[PDB]
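Take a look at this single chain in structure tokens; it is the form deposited without its partner chain.
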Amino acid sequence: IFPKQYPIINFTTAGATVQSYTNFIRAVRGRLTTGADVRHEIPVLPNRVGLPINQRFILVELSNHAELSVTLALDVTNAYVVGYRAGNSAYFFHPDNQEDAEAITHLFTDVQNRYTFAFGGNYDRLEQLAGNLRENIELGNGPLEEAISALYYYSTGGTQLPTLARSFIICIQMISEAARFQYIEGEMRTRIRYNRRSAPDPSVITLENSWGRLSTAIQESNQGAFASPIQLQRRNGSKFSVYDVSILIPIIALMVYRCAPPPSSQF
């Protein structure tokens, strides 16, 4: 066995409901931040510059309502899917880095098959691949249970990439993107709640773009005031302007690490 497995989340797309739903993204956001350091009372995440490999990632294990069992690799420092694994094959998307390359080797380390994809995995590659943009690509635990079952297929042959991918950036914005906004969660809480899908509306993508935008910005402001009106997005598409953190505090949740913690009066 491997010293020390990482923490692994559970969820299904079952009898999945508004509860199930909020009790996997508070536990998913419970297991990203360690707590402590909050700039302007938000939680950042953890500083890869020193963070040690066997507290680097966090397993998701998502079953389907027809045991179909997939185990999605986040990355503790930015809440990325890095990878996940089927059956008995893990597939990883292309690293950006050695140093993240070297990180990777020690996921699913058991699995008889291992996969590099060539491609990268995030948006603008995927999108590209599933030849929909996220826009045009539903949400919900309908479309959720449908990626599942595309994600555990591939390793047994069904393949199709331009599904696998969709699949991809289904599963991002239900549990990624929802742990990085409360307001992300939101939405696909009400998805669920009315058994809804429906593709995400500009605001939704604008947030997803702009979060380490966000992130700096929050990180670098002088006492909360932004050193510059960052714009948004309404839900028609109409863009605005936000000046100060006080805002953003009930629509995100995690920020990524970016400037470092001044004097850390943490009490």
Second form
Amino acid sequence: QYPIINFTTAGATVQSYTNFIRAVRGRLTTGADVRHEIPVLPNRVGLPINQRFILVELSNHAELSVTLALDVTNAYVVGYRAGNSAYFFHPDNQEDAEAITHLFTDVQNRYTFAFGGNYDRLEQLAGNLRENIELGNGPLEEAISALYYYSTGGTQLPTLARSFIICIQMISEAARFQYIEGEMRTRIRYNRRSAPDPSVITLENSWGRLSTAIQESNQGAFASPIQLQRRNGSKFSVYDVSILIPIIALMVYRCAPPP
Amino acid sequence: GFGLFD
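The form deposited with its partner chain bound is what I want next, because the block you gave corresponds to the form deposited without its partner chain; please supply it.
Now the complete complex, all chains and molecules, led by this one.
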């Protein structure tokens, strides 16, 4: 079985959430590849199937549990299991379609959605943009329930899509970015639920580009600046990896490190 | 080092 990390929203604290995100990062990366102090996820090329996924078992105060599957190559959610049913996002290619056959192999009912898990598509289905979907422990608690009840007709598709958006940001994006982990820690600390501000949204949108810019940099210096947003929506440019070391925790593999 | 975004 793939590695399993457990988290519950029931009585969650800053520390329990922090322990969780740190454990997820530890199972996503091996320590083999660290560039400018930033870990790089395993290269998909040649990655054995037995090392391809990790599992995040989420429980809530309602005593419901679901298990998300994350791809180690990008830290993103590929599907989930609840009881006797499992659901997978539409795969991008045949290799990924084959790979997900190795997940939740004893589940009685397996389904693949016709839609992918990218935000553009999930927002369309949810009927809301990320800027209008609240995040926090309550939202996560609710998301777990919604995912749990999908197979029995209890959850409408827009609510399912919204629930994925919540889970992906609070787990995948938090694993990818200390900054986003921090944003979720704050919501937990004060029991606040609020939508992500522009700084969070723009970081999420830029993860792939930041990964490439860092890995292809000249001694850390970007050939082309990357524009991000502040919390108030104002734009600024990033010219160097240095300022991102406290912000980005994981990068997708883009190229081999230079000699 | 999050002051970057404030």
